[PDB]
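A single chain, nothing else alongside it, follows as structure tokens in the form deposited in one PDB entry.
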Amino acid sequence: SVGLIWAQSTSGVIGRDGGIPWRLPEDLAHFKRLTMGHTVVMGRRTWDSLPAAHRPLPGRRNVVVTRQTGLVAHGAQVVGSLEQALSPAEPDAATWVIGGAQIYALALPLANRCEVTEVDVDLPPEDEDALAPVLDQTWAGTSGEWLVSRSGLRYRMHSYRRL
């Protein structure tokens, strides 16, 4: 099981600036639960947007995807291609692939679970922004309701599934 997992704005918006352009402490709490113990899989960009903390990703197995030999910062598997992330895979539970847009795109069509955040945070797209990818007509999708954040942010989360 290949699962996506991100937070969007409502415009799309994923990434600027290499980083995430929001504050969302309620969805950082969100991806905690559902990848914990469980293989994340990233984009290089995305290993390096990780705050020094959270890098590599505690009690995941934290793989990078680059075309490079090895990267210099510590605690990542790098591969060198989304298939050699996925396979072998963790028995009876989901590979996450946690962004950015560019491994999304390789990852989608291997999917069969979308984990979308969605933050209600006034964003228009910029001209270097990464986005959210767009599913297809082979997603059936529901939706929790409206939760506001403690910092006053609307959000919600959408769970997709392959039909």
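Residue numbers count along the first chain shown, from 1. What we label the rigid core is the largest C-alpha set whose atoms superpose within 1.5 Å from one form to the other. Compared with the form deposited in another entry:
- Once the cores line up, the CA of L71 ends up 2 angstroms or more apart between the two forms.
- If you fit the rigid core between the two forms, you'll see the Cα of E90 move by 2 angstroms or more.
The form deposited in another entry is what I need now, so please give it after the form deposited in one PDB entry.
Since only the chain itself is given, any partners or molecules it might have are not part of what comes next.
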């Protein structure tokens, strides 16, 4: 089955300036816990956004979606479409689409689960910000309690499944 996983500010921002515009260690831990041992599918800009020690994401099968036919991505599998990414030669019990905004929009109709971290950080969207998908009435969810990060931000985790 196919899930999306993302972290967003309350305003809906997921990315800015080729990175993530807040620091939330508990979300990094949540992301690793859900994805370790499994397949992670990402757009090429997200692959390029990964910090050095996380490119590729260790312990996960990294799959990068690009239109660049000749692209080499050391440590990842390069495919030419989201459908290809979700049609592996070797099946995985759990495939996670891990961003970014362009790929989330393509994957949402193919997914049955979304794992969302909401971050209470004031970020009025800027024009080039990458934004989260919005889940419509075909999705229903459950919300964890609001927690405080050791680094100061309030955050909570939501779990949605297709109705």
